[PDB]
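What follows is a single chain, given as C-alpha cells, in the form described as "closed conformation" in its entry title.
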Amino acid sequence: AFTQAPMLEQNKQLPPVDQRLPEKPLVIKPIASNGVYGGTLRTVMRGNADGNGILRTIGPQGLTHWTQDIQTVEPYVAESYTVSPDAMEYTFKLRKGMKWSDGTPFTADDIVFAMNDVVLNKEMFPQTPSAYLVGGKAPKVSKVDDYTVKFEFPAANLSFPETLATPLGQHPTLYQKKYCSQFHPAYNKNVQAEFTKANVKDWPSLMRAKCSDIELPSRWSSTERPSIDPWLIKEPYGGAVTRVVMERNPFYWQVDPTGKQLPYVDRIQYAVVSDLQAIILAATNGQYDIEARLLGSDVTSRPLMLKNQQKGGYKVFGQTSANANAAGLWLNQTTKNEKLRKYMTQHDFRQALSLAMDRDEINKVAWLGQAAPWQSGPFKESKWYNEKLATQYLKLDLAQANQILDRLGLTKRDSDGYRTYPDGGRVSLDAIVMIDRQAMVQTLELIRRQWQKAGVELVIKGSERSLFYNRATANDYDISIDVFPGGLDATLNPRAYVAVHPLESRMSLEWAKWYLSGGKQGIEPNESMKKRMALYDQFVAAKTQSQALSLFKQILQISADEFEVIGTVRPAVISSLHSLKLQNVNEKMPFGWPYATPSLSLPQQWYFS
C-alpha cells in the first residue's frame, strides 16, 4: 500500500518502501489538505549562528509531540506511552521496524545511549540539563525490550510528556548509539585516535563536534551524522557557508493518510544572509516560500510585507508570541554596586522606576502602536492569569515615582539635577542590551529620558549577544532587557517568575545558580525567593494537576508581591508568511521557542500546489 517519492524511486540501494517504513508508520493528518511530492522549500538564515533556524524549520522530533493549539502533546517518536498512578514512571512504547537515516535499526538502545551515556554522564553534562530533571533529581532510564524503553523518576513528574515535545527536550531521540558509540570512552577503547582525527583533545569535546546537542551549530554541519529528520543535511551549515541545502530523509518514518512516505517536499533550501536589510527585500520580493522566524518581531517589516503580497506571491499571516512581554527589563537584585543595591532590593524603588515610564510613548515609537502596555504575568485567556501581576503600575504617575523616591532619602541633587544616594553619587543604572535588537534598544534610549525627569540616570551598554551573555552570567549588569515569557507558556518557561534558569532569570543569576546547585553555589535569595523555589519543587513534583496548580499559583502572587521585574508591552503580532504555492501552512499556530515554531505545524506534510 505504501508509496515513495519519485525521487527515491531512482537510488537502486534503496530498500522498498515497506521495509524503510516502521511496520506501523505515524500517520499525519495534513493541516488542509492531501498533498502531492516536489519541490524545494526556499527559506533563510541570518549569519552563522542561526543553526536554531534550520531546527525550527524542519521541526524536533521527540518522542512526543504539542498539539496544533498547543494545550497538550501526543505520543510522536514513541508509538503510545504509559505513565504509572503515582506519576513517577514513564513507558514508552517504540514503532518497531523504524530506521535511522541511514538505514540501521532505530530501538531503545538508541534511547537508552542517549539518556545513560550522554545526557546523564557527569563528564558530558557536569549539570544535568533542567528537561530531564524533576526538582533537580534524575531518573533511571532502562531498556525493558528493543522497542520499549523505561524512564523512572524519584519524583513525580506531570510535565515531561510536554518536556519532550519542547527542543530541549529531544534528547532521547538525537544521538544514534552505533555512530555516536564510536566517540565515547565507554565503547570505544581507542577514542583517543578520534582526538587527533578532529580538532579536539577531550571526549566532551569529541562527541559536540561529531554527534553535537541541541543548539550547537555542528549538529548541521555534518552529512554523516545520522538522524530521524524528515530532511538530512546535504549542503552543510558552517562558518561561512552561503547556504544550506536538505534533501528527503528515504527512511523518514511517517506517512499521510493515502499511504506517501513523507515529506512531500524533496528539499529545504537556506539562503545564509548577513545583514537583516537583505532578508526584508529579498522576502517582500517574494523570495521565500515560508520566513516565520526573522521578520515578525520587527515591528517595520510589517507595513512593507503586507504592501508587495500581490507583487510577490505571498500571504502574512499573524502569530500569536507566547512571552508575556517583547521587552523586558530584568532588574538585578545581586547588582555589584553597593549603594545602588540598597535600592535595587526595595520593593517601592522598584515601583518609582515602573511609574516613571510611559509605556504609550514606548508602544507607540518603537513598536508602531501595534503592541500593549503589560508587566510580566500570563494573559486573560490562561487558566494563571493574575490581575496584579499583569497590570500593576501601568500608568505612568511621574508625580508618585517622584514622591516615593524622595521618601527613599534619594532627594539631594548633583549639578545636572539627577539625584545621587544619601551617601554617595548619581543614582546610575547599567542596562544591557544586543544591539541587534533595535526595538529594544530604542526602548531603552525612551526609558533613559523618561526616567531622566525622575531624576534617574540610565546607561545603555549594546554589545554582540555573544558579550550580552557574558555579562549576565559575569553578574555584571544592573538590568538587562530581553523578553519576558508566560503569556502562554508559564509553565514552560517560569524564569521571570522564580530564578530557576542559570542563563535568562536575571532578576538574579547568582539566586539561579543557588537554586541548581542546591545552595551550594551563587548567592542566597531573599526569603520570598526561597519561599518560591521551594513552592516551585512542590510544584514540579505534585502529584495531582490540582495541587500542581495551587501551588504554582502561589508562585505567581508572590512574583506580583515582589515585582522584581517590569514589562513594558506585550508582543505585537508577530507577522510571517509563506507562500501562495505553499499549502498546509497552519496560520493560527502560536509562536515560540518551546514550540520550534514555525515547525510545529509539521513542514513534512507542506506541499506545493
The other form holds:
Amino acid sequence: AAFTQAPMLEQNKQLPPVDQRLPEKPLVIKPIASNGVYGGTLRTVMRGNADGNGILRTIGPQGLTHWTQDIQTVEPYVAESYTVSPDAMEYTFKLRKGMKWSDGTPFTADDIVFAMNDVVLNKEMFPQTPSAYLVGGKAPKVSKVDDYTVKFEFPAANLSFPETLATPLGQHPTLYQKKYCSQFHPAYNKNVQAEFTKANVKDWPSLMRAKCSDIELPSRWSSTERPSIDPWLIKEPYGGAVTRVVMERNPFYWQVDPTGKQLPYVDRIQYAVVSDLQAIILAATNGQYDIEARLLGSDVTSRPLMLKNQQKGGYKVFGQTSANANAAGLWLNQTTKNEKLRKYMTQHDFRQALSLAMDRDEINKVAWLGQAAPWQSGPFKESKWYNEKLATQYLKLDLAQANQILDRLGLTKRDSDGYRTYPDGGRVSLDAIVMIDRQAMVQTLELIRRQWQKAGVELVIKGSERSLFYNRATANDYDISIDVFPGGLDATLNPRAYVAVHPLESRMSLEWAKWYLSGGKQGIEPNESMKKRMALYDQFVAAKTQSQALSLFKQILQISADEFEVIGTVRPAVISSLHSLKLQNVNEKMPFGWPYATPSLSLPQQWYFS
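Could the form described as "open conformation" in its entry title be given as well, to go with the form described as "closed conformation" in its entry title?
Partners and other molecules have been left off, which leaves just the chain.
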C-alpha cells in the first residue's frame, strides 16, 4: 500500500492498481548509486538481425538467482529464497506470492514445473537435455511442493546449480508461462496438430520453439503476445528486416526500489538495428546511444574514437573487466614429441627461466599499446580464488638469472648462430603455434622471440588459420601454443589453465586431457602433480559444501602455482564501453561476459535519466 508506479501507466485503464500488480513482497533493488526517477527512452543498438542476445544482455535474464555485482556469488532473484541440502543434491526454491506474468496472470510453481518437466526435460523438445540442468550427464527430478515452492533433486552433488541459474543458459525455469505455452504442447492440447499450419511448422517441438522460444532464438523477441516476467516487453518486434526494436515497461514487473517505486525507471528501450561496426562507432561517438557495452569494446580501434568524443557526444567511456587472466598465455606442451626438448620442458626451472627472459613491459607497450598489465595465469585479487604466487611469480625480467639457470641445466654449448644447444647436440628451439587472426598474439610471439634470443633460446613462430591451429594441437604437434588463459574471475567455470581437463584447450598437454577424459584409456598418463590435481578436481565437482569446494579448488591452484606449467604475458585490456552522462546507476566497475549477461548484470531496471 506504499508503492507507486510510472506516470505513463496511469493512462492504461485495463491495469489493476500497482499494489495489486506487484507481488505481496516485491524484490527490493538497492540502486548502484542513487534512488531514481521515472521516464525516458534508453537508446542502444544491435548489429544486424541475428543479434537477439543483444536484447537479452540489455534487459537481463530473469532467472531464479542473480549474480552479485562482483560475480563472487549469487542471490535469490525470481525466487524469494532457497535451500541447499547437506548432500548438495536437493535445491528448494520459495517463490514470491502474488507475482504475476506480464499479462497479469499468476506466476507460480506450476510455471517452473511446466518449464522443466514439459519443456526442458522433454526428450522430443530437447533430445539432448541442455547441460545447464545436468550433473554427470543426469537430470534432476523436479516437483511442485506447493503453489510457491519447487524442488530440484539431482542424483549427484551439484553445488554449481545456483550459479548456473544466474546465467542466460540457466533461465529456462522462468521462461515458459504454462497457461500460454501449454496450448502448443500435446500433453495439454489434444488438438495441437491444428496449430502447426497456423504457425507454419510441421511438429510440436518446432511449434513450441516458434511460439514460446528458447534462450537464444530469434522467436524470443519477435512477438508481443508471448508472456514474460521481463522488465520491458516487446512492442515493435525484432523482425527479419526491421530497422529498430522498441520495448516498453512491463506493468506487472515484480520489483521496487527502496522508496516503493515499481521498476523499471526507464519507460522504453529503443534498439537501432545497424548494418556494421563502422556505422555503430559513428553513431556512438555522435552520442546517439545512452548505453553501448557489447559491440564497441570488441574492436581495439574503437577506444580512441570513443574517448576523443566524450564531451562532444555527452557520454562517459568506462572499462569492463574480462574474465580471462591472460590475454596471450604460453601453453607449454609437456608431451612434445621433441624428445630432447621434452627433457627440459618438464623441468620447472626451465619454464621459470623462460619466464624470466621475457620483458612483459615491452610486450605491453608494443603489442597492447600499454593497456595490458603484466600477469601470469592466476585469478585476480577481486576473485575469491586469488593466489599471489600463481598471479605474480617470475613476472619481472631477469635475463642474468635466466641465463644462469639455463647454464646450470647444461645448455652451455652455443652453435654458430649463438643459440644454446642440448648436451648431445641440437639447437634449443621451440615451435609456437598461433592463429594469425589474433594479430596481437602474433606480435607478442615476435617480441618473445627477440627477447629469448638474448637467453640463447630460439622461438619458431608457426602462424595459421584456426583449423590448422587446432589440428596441430590435437595432433600433439607443437611445443608452445599461445591463447588466452581463463581464470581471472571465472576459474571454476573455466579451469583449463590449472588442470588438464579441456580436450581442446588444456594445452600443457591435450594428451594429458585426453587421458583424463577417457578414464586412462587414451592419451598419455600425466605426471604425479597433474594426476593429483585431476583427483582434486573430481572431488571438487562432487563437493557437498561451499567450504569443502573452496579448500579443494584452492589446492588445485596451489599445485598449479608450484608447477608453473604455463607462462602468462599480460592480462587483458579493459573492455571499452559508454553510457550517456545523463544515464545514472550504471556499474562502471562490472565484469564482462556472457555467463553474467553483461551489461544487464548492472540491473538495468534501476538505470535512470537525471
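Heads up, when I say rigid core I mean the largest set of C-alphas that superpose within 1.5 Å between the two forms. Residue numbers count along the first chain shown, from 1.
Core-superposed C-alpha of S33 shifting 2 Å or more between these two forms: After core superposition, the displacement of the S33 C-alpha between these two forms stays below 2 Å, so no.
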